[PDB]
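Enquirer: Spelled out from the first residue to the last, the chains are:
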Amino acid sequence: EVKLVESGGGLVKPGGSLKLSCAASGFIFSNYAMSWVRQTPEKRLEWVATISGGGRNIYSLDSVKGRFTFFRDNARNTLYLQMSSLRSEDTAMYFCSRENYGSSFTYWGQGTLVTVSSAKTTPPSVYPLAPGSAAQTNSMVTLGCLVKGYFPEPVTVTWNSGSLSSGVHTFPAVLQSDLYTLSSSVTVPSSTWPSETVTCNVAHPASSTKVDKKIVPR
Amino acid sequence: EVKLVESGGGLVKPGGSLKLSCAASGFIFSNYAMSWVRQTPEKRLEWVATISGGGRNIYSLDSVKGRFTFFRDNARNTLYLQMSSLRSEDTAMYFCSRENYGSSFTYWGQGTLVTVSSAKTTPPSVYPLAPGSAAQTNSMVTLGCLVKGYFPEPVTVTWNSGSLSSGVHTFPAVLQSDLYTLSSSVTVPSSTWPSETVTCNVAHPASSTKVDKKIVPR
Amino acid sequence: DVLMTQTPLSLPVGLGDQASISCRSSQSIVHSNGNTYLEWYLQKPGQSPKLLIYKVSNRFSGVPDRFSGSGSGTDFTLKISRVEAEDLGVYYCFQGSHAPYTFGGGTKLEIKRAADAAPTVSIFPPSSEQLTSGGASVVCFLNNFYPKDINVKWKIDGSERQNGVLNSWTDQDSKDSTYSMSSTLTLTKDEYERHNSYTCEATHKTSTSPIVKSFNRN
Amino acid sequence: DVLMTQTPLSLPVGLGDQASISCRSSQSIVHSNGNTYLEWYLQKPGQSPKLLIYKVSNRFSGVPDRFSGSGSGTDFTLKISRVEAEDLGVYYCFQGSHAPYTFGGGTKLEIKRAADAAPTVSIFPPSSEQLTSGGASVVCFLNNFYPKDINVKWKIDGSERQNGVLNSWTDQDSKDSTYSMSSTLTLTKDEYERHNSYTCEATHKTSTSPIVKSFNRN
Amino acid sequence: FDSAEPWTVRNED
Amino acid sequence: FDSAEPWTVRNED
Ligand SMILES: [Cl-]
Ligand SMILES: [Cl-]
Ligand SMILES: [Mg+2]
Numbered sequence: 001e002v003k004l005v006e007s008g009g010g011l012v013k014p015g016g017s018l019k020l021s022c023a024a025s026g027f028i029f030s031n032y033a034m035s036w037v038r039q040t041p042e043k044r045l046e047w048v049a050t051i052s053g054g055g056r057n058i059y060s061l062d063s064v065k066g067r068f069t070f071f072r073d074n075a076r077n078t079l080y081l082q083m084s085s086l087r088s089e090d091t092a093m094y095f096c097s098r099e100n101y102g103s104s105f106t107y108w109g110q111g112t113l114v115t116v117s118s119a120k121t122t123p124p125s126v127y128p129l130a131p132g133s134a135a136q137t138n139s140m141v142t143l144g145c146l147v148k149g150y151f152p153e154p155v156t157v158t159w160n161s162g163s164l165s166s167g168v169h170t171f172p173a174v175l176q177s178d179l180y181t182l183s184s185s186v187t188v189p190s191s192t193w194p195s196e197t198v199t200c201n202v203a204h205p206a207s208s209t210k211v212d213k214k215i216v217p218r
Numbered sequence: 001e002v003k004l005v006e007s008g009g010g011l012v013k014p015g016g017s018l019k020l021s022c023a024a025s026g027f028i029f030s031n032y033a034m035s036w037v038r039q040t041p042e043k044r045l046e047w048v049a050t051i052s053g054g055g056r057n058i059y060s061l062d063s064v065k066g067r068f069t070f071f072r073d074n075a076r077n078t079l080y081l082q083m084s085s086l087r088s089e090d091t092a093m094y095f096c097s098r099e100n101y102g103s104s105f106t107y108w109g110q111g112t113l114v115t116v117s118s119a120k121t122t123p124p125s126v127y128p129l130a131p132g133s134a135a136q137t138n139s140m141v142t143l144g145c146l147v148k149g150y151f152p153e154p155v156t157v158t159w160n161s162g163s164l165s166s167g168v169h170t171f172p173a174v175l176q177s178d179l180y181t182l183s184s185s186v187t188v189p190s191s192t193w194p195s196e197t198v199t200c201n202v203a204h205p206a207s208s209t210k211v212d213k214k215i216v217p218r
Numbered sequence: 001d002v003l004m005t006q007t008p009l010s011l012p013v014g015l016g017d018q019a020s021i022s023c024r025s026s027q028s029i030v031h032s033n034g035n036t037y038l039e040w041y042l043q044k045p046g047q048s049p050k051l052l053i054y055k056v057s058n059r060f061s062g063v064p065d066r067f068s069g070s071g072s073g074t075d076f077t078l079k080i081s082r083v084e085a086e087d088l089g090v091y092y093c094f095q096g097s098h099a100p101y102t103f104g105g106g107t108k109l110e111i112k113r114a115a116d117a118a119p120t121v122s123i124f125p126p127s128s129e130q131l132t133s134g135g136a137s138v139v140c141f142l143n144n145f146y147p148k149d150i151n152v153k154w155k156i157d158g159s160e161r162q163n164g165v166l167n168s169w170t171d172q173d174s175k176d177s178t179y180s181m182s183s184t185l186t187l188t189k190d191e192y193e194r195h196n197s198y199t200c201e202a203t204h205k206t207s208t209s210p211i212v213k214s215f216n217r218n
Numbered sequence: 001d002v003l004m005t006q007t008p009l010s011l012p013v014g015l016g017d018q019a020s021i022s023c024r025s026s027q028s029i030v031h032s033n034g035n036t037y038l039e040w041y042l043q044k045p046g047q048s049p050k051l052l053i054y055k056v057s058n059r060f061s062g063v064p065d066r067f068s069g070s071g072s073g074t075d076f077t078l079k080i081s082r083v084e085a086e087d088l089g090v091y092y093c094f095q096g097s098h099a100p101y102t103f104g105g106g107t108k109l110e111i112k113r114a115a116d117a118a119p120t121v122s123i124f125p126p127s128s129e130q131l132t133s134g135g136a137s138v139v140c141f142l143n144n145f146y147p148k149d150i151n152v153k154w155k156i157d158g159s160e161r162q163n164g165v166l167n168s169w170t171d172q173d174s175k176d177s178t179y180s181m182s183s184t185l186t187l188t189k190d191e192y193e194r195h196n197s198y199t200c201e202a203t204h205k206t207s208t209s210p211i212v213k214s215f216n217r218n
Numbered sequence: 215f216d217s218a219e220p221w222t223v224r225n226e227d
Numbered sequence: 215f216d217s218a219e220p221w222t223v224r225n226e227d
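These protein sequences, in sequence, are chains H, A, B, L, M and C.
Residues in the first sequence are numbered from 1 upward in steps of one, following the entry's author numbering.
Residues in the second sequence are numbered from 1 upward in steps of one, following the entry's author numbering.
Residues in the third sequence are numbered from 1 upward in steps of one, following the entry's author numbering.
Residues in the fourth sequence are numbered from 1 upward in steps of one, following the entry's author numbering.
Residues in the fifth sequence are numbered from 215 upward in steps of one, following the entry's author numbering.
Residues in the sixth sequence are numbered from 215 upward in steps of one, following the entry's author numbering.
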């Protein structure tokens, strides 16, 4: 019922600008103050600002004054975060959140990711992971995909277009020299591969990249 | 740790044959009895058989005797169900399950779907669902896609290759005259569409079909 | 054979309240070795069944102590103390004492949501793609409502349409306490083009006036 | 500004057992209206934070009674009377009394699994496609193990290699009390072809000798 | 007391 | 008692 959905996150160079939005539904928007809270790469939570129901009273971090501006459009059930003079320290997942009687952050959205960096947007290269040649007595076989050399986050990974979901481990991306690398493994019955195809589907919206990679025996 | 993965399910004609497999890992396979249990389209659970650790003692439903046979390969960590003379009453999700001290069905697999029917395999038509006339002040917009006229089950649906998950409702299929139809809705901020791309990804493994439909304004 | 009679068929409970589910065997289910292999299983939406309780009253490892089983003779009972949203699903009793082993018919546990919610209603015209193929489906989503009781009708140029309608339904899950449904009206293209206005009309406890969504073919 | 000091940083607890998480503010956090806006949040893996407790001791609606809050002045405690798998995640205290509002550093709740699990280890050679492009990544998955303590090394022709290694880690989730790990070794193609054997070697509590998986470039 | 404190319902009991 | 009952560990206490 109550729903909050943030948008507008993306990669920006230090010094740059970005406008974030937060769409609300399922309640009378202007009856409630709204907050921005961010989560840093180290996973610390940081309150950023709180703005009143009517939109004219605002508390905010001193370190964002003159850089971030907060306002709402009550006619359109939307909350805004206008960012400028962006810094590395502003890199974070940005959440919007609705107050309630007695509590500060009662309802949260799913967040939108802001990356402040000089590093260049780069699409991933996606490679299959298949076993060399060992234990063929195993009832299971583990396959995988390597999603290498992209920037910024995030990427999504699915297997057989979502048909395959149970035996999956997708690992968090690791950053090295301005590029991310990520892997995902899937385990299937050994009697079903290669007789039944296994494909990882990788998407990297920031570069408009989509790759489907079939896992083939060596 | 303990993992059980069934496979082999599919569409078969009445009177036909099908072999199911169940791969086990994470325990000493031959130390445990295994069962087959099936779930009917009416969602009722039905025990089918239990076979001993060593594979030479079997209990089974009288109504499958002379039709189904049960065996295991302990050197390959695999359990089998050989079906023959299949009936409509056999249409069900088949689960394999391992016993433990005190309990019959301690660990379950994901299931594999067996459909017994004369009806022909049929790929879906995928149609985009875009609004005709908005409400300009809505912070949210709802889109969808209609997945119509396929057989057999199942179908999976994702949105933007899994990037969108929070605002999705995917509905159970409805069977009309030997074809299934399903729909899925996604709700996104109105400021992000059509300015940004929304696509439903639809998979129908039985007909080896995989399709993407971009939702475009009318 | 032993018949297992489960009641109630469904059970709406508030969060924090108690649930009690009954199972009656048609005869004694004491195993030859003197134990009673009466078990309880829970199937959460979209998942395989999982073991909760074995030999009448024994909790399987990892099962919260909110779940308890009791009984003797032919009467057995599963109790959930202080129900949580994660408890949603269908509960099944099972006797493994006398072959053929049999399951009760199941009890669906539902949450009595603390607050009501009006559906979000969206109507969608046929896609040009479908119209090309000679068909015309009009789709209506009615999302995130509580309570469950809802009345949906299709009108074409003001007249109730009784033929060509298929409906689908999702129940609650641990993440979402509300219901949703989808309704599709399918006509021929010729039929579709002979009328002007298409209407999805919903009646729900949250208002004495119906929620009406329409579009004009134009 | 008010600092919030949260202890412990992580907390291993068996299912069904109790847990206390402590929070200390660097000064009084009584708001000017006389209330104390001390809140507790839980962030489950891959989800947004959610509200548990507000004004020191009040459970938000829908939150299980297993969670309780106490404290006064500068000293506060979250108690969980009995831990369930679904409780996995990072817990944060927060003060909303004095701007700038501030969060504690978090406490990661982890399940102390009743039984250990050896890692399933798999090693993967570079794909011919990556080689053609001039690179050579070697990947090792170490899946579904417990406890979390594990040593992983790469050997090339028997010599440990340190350079060009990236490691990624997943913690527990509600459906899984084990951990998994991925390691990727990247060389140039030419360097890859100067060596014969590539080895992923893991040391874990479950075995007295290292788990060794290898392939030969041959 | 701050007349410009942003909370609209939070501080109300 | 059935010597051919298939349960291998279930019936053991
Ligand atoms: Cl105001
Ligand atoms: Cl045997
Ligand atoms: Mg203390």
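Derived from the structure by calculation, the hints contain no laboratory data.
Misleading hints may appear alongside valid ones.
Said to hold, decoys possible - Computed beta-carbon distance windows for the label pairs: (1) B:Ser28 to L:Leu9: 27 to 35 Å; (2) L:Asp17 to B:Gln162: 54 to 62 Å; (3) L:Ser159 to A:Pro194: 17 to 25 Å; (4) B:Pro8 to L:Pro100: 49 to 57 Å; (5) B:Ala114 to H:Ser63: 34 to 42 Å; (6) A:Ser208 to B:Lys153: 37 to 45 Å; (7) A:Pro194 to L:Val30: 32 to 40 Å; (8) B:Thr74 to A:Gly10: 38 to 46 Å.
As the list claims (entries may be wrong) - Under 7 Å between C-beta atoms, here's a sample of chain L residues computed to sit facing chain H: (9) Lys55; (10) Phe67; (11) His98; (12) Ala99; (13) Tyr101; (14) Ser122; (15) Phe124; (16) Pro125; (17) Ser127; (18) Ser168; (19) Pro210.
Beta carbons are placed, not taken as given, at the ideal position from N, Cα and C, and that holds for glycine.
Enquirer: Take the hints in turn and mark each one as holding or not.
Expert: We went through each hint and held it up to the structure:
Evaluation of the 27 to 35 Å hint for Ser28 (chain B) and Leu9 (chain L) yields a failure: the beta carbon distance comes to about 56 Å. Between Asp17 (chain L) and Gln162 (chain B) the C-beta distance comes to about 59 Å, which sits within the given range of 54 to 62 Å. Checked against the given bound of 17 to 25 Å, the beta carbons of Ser159 (chain L) and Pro194 (chain A), roughly 57 Å apart, lie outside it. Between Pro8 (chain B) and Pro100 (chain L) the Cβ separation comes to about 53 Å, which falls inside the hinted range of 49 to 57 Å.
A hinted range of 34 to 42 Å for the beta carbons of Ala114 (chain B) and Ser63 (chain H) is consistent with their spacing of about 39 Å. Checked against the hint of 37 to 45 Å, the C-beta distance between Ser208 (chain A) and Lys153 (chain B) comes to roughly 39 Å, which is consistent with it. A beta carbon spacing of about 51 Å between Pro194 (chain A) and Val30 (chain L) contradicts the range 32 to 40 Å that was offered as a hint. About 40 Å separates the C-beta atoms of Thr74 (chain B) and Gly10 (chain A), a value consistent with the hinted range of 38 to 46 Å.
At its closest, the beta carbon of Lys55 (chain L) sits 5 Å from a beta carbon of chain H; the interface hint therefore holds under the 7 Å criterion. Residue-level restraint check for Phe67 (chain L) is violated (minimum Cβ-Cβ distance to chain H is 14 Å; threshold 7 Å). The interface hint given for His98 (chain L) is broken, as the beta carbon of that residue sits about 11 Å from the closest beta carbon of chain H, more than 7 Å. Contact between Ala99 (chain L) and chain H, as hinted, is supported at the beta carbon level, the nearest pair being about 5 Å apart and thus within 7 Å.
Here the hint on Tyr101 (chain L) is kept, as its CB sits about 4 Å from the closest CB of chain H, short of 7 Å. Satisfaction of the interface hint for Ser122 (chain L) is found here, the shortest Cβ-Cβ separation to chain H being roughly 4 Å, below the 7 Å cut-off. Here the hint on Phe124 (chain L) is kept, as its CB sits about 4 Å from the closest CB of chain H, short of 7 Å. With a cut of 7 Å, the hint placing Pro125 (chain L) at the interface with chain H holds, because the nearest CB-to-CB distance is about 5 Å.
Given hint, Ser127 (chain L) at the interface with chain H, holds; its Cβ is 5 Å from that chain's nearest Cβ, closer than 7 Å. Interface hint status for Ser168 (chain L): upheld, as the beta-carbon distance to the closest one in chain H is roughly 4 Å, under 7 Å. This hint is violated: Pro210 (chain L) has a C-beta 17 Å from the nearest C-beta of chain H, more than the 7 Å allowed.
Consistency note: the structure conflicts with the earlier hints numbered 1, 3, 7, 10, 11, 19.
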